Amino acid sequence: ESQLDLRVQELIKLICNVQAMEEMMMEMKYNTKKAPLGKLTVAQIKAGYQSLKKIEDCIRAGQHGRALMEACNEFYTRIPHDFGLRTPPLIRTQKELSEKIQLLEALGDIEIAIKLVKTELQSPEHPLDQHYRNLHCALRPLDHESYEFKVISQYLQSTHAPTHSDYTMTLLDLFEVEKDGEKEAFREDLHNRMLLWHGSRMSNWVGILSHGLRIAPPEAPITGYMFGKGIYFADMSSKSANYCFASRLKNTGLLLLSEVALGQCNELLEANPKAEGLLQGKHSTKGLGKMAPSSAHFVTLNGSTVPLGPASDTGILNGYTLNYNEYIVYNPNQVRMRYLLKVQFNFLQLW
C-alpha cells in the first residue's frame, strides 16, 4: 500500500497515465503502437523539422498548391502518421503547422515520460510511490482552509478573463512544489520576481515535473514563436488555463504557478520572433496586453509579487494588440516552480 498522502496519489495516478499519452498522440495522428517512440532517430526528427520549415515557407508566402503538397508528402514520409483510411491532409494554416511542431517535441518528451513510469523489476512498493519518487519533485498538498489556498484561489478566480466565459474553474487541490535543484540554480539576485501561470496538456506534466519547464529545441522553426524561444507565462489564470486543453469528457486540468525572476523586462507592444536578440542587458520580454492586473491589488507570497485581479485597461493600444500580458524568460534558471493546482473545468453552454 501507498505511503503517499491520498491527494498526491490521485495527482500521480492522473499524470502518469500512459493510455492518456497514447490518446493525445493519436489525436495528432501519431500511432505509438503502430510506430514505437523508441525507434525514432535523432536524424529522423531533424529531417521532420526540415520539412516543417519548407511547409512554413510555403505558408508565410501564401503558396498552397504544388510546392506545399510536396513538402507535406516529404513530412509524412519522414514521420509515420496514421490516418486510418483518408488522404493525408495538407498542412495549410498556422494552427496545423504549429500542431506538427509541437508533435515533434512531444515524441521525444513522451518517450522519456513513459520510461519514467516503469516500476522496478522486484520491489514490493506501491507503483504510485515509485512513480512519485521517479519525478524527483516534492508535491505537498495544502488544506483548503489555509491562508495559502485562499490566496491562490483568489488569484485563480480574480484573474479569470471576462472574455473566457465558456467555463468557470474550481480548485480541487493545491500542492506546493519543490523541484530538486531549482532552488540552488535560481537567479535569486534578480529583482522583479513574480508568481505567474503556466498551463499545459495533461500528458506534459510528467515531463515538466521531472525536467522543469524547457525552452524549445534549436531545430524548431523560430517564426512560430511570437516572442522567441523561452518559457511563457501569464498573469491571467484563464489565459494559461486555455493551454490545458481540458474538455467536457476530461474536465480536470493542471495549472502551474512559478516564481519567475523577470529582472528588467523588455516591453513589447507587437509580436517579434527575434525578441531574445533584442535584450541587450535586459532579462525578459513582456508582451504588453490591453488588460491587466494593477499593482494596487498586488500581494506577496514568499517575496514574489502575486498580481491579483480583477484585470483593468492598461491604456496600451495599436496593428495587432495582445489581449493580456504574457512574460517570457530565456533560461530555466529564472524559474522556480511553486504551486500546482488541480482544477475542475466547468464548461458552459452559451449562445
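Residue numbers count along the first chain shown, from 1. Between two forms, the rigid core is the largest collection of C-alphas that superpose within 1.5 Å. Compared with the form deposited in another entry:
Treating the motion between these two forms as two rigid pieces, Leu40 does not share its piece with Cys137. A rigid-body turn of 18° separates the smaller part from the larger between these two forms.
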The other form holds:
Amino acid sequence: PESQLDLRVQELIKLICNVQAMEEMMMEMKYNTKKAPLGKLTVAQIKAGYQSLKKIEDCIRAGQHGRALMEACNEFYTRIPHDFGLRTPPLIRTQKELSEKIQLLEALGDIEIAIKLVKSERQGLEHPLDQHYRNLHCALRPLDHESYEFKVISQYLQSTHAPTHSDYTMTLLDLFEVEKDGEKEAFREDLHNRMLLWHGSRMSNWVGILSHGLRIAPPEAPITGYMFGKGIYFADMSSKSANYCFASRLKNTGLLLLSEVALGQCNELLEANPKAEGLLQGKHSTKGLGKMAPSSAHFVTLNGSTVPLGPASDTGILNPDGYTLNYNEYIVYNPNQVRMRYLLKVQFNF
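What would you give as the form deposited in another entry, now that the form deposited in one PDB entry is on the page?
All you get below is the one chain by itself.
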C-alpha cells in the first residue's frame, strides 16, 4: 500500500534508517563491516568491547604502556574487528584515543538498535516507512517554515553559532517536533533551571537516540572516557553540539536535537573531571564553564524552558591552573532530566 506519513517525515525516516550509510560511517572509523557485519552485531559483543576498553584504561593509569597495553589493545581489536589493511594496529594511550573508541562503540550500539528495527518486517499492510516510524515509538511532527517555532529556533541556531567554529555555517532545512513515548511522564518538572539545550550526534545514532532516548553510558565503560562522568551532555552554543554531528564536505546534512533539560542546581566546574558525579552531593547537574556564552539579557521562554537565545557575550571565566573551556557544557546524570523536543535537519555549508 501507500505511505500515510507526511512527505517530510518520509524523508527523515529514509535518512536515518539508511543501513548502507551506517556501513559507510563505520568503515570511515576503520571498522570491519565484512568480518563483523552490522547485521551480526550483538549487545554482548559491544559489552565485551567496553570491558576491553576498561582493561586498556587500567594499563594507562598504571603506566603499563608496554606488553600489558599491547595485549589489552589486541583484545579490544579482536572483540571489535578493525580493518587497518596492512597498517599495524595502533596502541590506545591518550584520553582522546580512548574517547574515539567509545564513540565507535556508541555508534555500533545505535546501529544494532536500528538494524533490529529495520529487520523487523511485516508485509503488504503498512508502508515500510510507516512501520519504521511506528517502531520508533517517537512522534515526529513537521513544523511550518513560516510558523513561529521555525523562527525562534532559527535564531537560536544562527545566533549561538560560536565564532571559533568558522569553517562552516548552518542552514535549517526542516524542523520537527519530537515527543518520545514516556519521556514527558518521567520528566522532572519539579526541578528548576529548565533550559532548551543542544545535542549533536553522528547520523548513525538517531534511530537509537529517538527510539531509546539519550542514555547513560554502561557500567563497564572506562570512566576516564567521559570528561565529566557518565551522563548526558548538552551545550548552549549550537555549533559546539553541531561539531558532534561529524558532518563532512560530502555528507553535509546532519541532525541537531533540542531538548528540555531539568538542570536544577548546577555544580559549576572549570576543568574536566571524570569523577564529577560524585562531587554533586545534592546538586542535580554539572555545568562546565566557558569563556563565552549567551547572556541572561536575551534569554527567552518556550513551552516552559529557557531558550538561551541572543549573541554570545563574554562571560569572564578564566582557569588559572590550566585549560579554560571555550564554551559551556551541561551534564545531567538521569534521563528523567531530559525531554526531547525538536529535531533539526541542518545543512552544513563548508
